[PDB]
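K.L.:
The chain contents come next:
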Amino acid sequence: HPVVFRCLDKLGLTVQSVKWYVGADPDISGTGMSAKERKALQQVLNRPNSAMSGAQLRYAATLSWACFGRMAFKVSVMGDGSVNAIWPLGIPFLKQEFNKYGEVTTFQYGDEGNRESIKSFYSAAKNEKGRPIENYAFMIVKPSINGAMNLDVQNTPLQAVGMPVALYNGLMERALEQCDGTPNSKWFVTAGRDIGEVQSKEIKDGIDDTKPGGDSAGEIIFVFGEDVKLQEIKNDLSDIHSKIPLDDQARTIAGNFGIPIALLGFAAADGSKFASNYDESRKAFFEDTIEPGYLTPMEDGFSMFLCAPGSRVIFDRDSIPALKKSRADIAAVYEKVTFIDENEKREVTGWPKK
Amino acid sequence: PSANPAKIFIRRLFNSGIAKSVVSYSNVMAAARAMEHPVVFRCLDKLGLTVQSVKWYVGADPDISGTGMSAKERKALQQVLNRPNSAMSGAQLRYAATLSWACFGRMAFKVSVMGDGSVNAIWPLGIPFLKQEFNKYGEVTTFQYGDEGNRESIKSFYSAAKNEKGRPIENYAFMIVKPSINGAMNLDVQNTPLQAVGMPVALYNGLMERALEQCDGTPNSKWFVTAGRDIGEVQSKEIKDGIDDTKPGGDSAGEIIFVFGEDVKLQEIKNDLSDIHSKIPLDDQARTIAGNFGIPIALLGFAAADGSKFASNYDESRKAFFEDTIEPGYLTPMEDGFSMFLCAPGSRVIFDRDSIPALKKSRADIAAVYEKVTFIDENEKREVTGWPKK
Amino acid sequence: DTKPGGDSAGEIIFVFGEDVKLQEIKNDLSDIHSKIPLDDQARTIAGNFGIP
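Chains as they are written, first to last, in the UniProt record's numbering: chain A, 53 to 406; chain B, 17 to 406; chain C, 261 to 312.
Isolated chain A, as found in the complex:
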């Protein structure tokens, strides 16, 4: 779709541009992984397998989260529990099973041609530290109103963009049909019945000689002894595509996804009134949509299902280009305050303790 695809690609690229790393948990300590294990998991976090890097994994995860509101992955584990590979699963081809208490016990991945079964993180055998010692899979779900998180209730923007998309498609289809179906002419000429069998040809030959490149281009048309009539045809195609409703549908679709329409490149007549300038919109889009919408869910899910307690997967927010100038300005402002310790100043602006 010429509108929804742009939004999905924008979200995917924006979430892709951000990195992460394996760090320590500020809140809970003591059971964390050693430095060697953290560095070992770091390598997998950069090259999950032989056909994908981290950026592509982020892109696929973002697309899955946007379209379906849930994402899943498969994890390969060695004998001692350390991870060595990660694979993404196609949400459309995934099925799950439950026990009588409601915990997921098995993931069924396949279709009518081939099938594969995977043990869930809960049902997989574990070592003394609680880490799995066999291949397993896990999935993340966006909550809903009812509160039953693992059941077939979804929360995605595509729920509500039905009517706008339908109307947009209808208007564009009408516009396409009309251009091909409409005669391409500008004059409509009629004549009486009292013109012979030859002067009738003569008249049209005389008119045709005024075409560009003709023998009498640019001259007047003189007709003798006959009342011919002309009717100008005003083929007004300036509103073939129904500009106003078509723009409104695009605005609604862009809004439901949480993307300021200025960043999408589409038209908006009142930019300065709300979107004061490009940079503020770029900053606001990130801070208000990407951080609480896409970064946090993946961060929390990977931290819950890969790292042992005491460690976490952390996204690097402050290093993004869109926030460099603001970060520098705020950092320069705190340089003057003196009732605050140096460590607190560092903590506020995103730097770690010395």
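The reader is advised that the hints may include incorrect statements.
[Stated by the list, open to error] Derived SDA-like pairs (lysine to any residue); straight-line CA-CA distance at most 25 Å: (1) A/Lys71 - B/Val365; (2) B/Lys62 - B/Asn221; (3) B/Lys406 - A/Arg379; (4) A/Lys377 - B/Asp393; (5) A/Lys397 - B/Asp393; (6) B/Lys178 - B/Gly84; (7) C/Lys286 - A/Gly233; (8) A/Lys281 - C/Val280; (9) B/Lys295 - A/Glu168; (10) B/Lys405 - A/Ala87; (11) B/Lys91 - B/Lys406; (12) B/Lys71 - B/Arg334; (13) B/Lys286 - B/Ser237; (14) A/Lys62 - B/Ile313; (15) A/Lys397 - A/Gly353; (16) A/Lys62 - B/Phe57; (17) B/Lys335 - A/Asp381; (18) B/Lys325 - A/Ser324; (19) A/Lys256 - A/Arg245; (20) A/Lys256 - C/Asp279; (21) B/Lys23 - A/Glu168; (22) A/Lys295 - B/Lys295; (23) B/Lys71 - B/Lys335; (24) A/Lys286 - C/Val280; (25) C/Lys286 - A/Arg226; (26) A/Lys377 - A/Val400; (27) A/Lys377 - A/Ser333; (28) A/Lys71 - A/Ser128; (29) C/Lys295 - A/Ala320; (30) A/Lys397 - A/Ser378; (31) A/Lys263 - B/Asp291; (32) A/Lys62 - B/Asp299; (33) A/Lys295 - C/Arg303.
These aren't lab readings, by the way, just hints derived from the structure by calculation.
Using the hints, position chains B and C against chain A.
P.N.:
Just chains B and C now, kept in the frame of chain A:
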């Protein structure tokens, strides 16, 4: 080897031992006509030039260390990276890769390697002429390049024989892909902007065709004169000769027309061609096509009615286009793929993102601010502004 | 034949011997969705939740 979930698909879609096309014929035709379009060609050229403007180099990996290539090997690979082969330089390789990525959503190259594993040349491969084969576990084994009669087979990086260090010791090829929704990556499913710009392009072409047809077929006349039947065989010629003499350069140019004793009628023919090309929809389609490619319309050159309402200046648009489209969309895939398939672990191919002319003023302006901050080390100040550690 | 791609596209229409009548049809869909009341209802819905 059997843990890959991708085996779900390739046993159904791509029978083992049969080479299948990377892209469908319709995509190839769509790409072919794009280069001849007055709108899509400009966008593709803009992307290609902007991407080729950026240099790279071979450097050390900042996250993983050890067992990497020495300085000599890195400098040797630098020569190949600067002069890939006898016909193309680095910039042309970037241009071709950018066009392939923009049109088909995937790029492939062939790498020539000497006996000891060091590289000596690199060649680009045309996506339209490329086919690939899979084993039963779903990993690519052979790349088929050519046609039914003239053919060349290339072993993939995975199945090529390697030395004890894991580097290939014979010619091979590799391909990069853009993920999609269905999860699987190496299948015949693509992700390119050309998927979604069908209707705009079709409508634009239709409107321009109508404009040309109207231009070449509308009578070029300004007056329509009619006369009665009660005019002799000679007076009729006299009337027209009298009217004709008022043409520029005539004997009676600029004078009045005085007709005696006939009821001649005269109507003006207002040929209004001011809207021959359907300005409004034709501009809307161009805006949509430019938008889908992620290029601000101001940079392309086509006009818009709200330039100052969003973008205060031109430089901000130039900077934003780079930072939001070129960096995450094109530079990162090529960087990651080349680092994965050419350099040994502990090393990486790095683009020089901080020397672009568009960002020269911004870097200095930000650097002049950290000079005042004092609760940060000098090394941290250098790092945050892109400078290497002392 | 005056359709785009036809044998006589762009040329005039010359009908001899009949009183054919031609009417222009203006399908004005620029207010198909009732822009103003719809925007007012959207604003009213947004206001009650306390979201600018």
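K.L.:
Broken hints, numbered, in rising order?
P.N.:
Structure breaks hints 9, 15.
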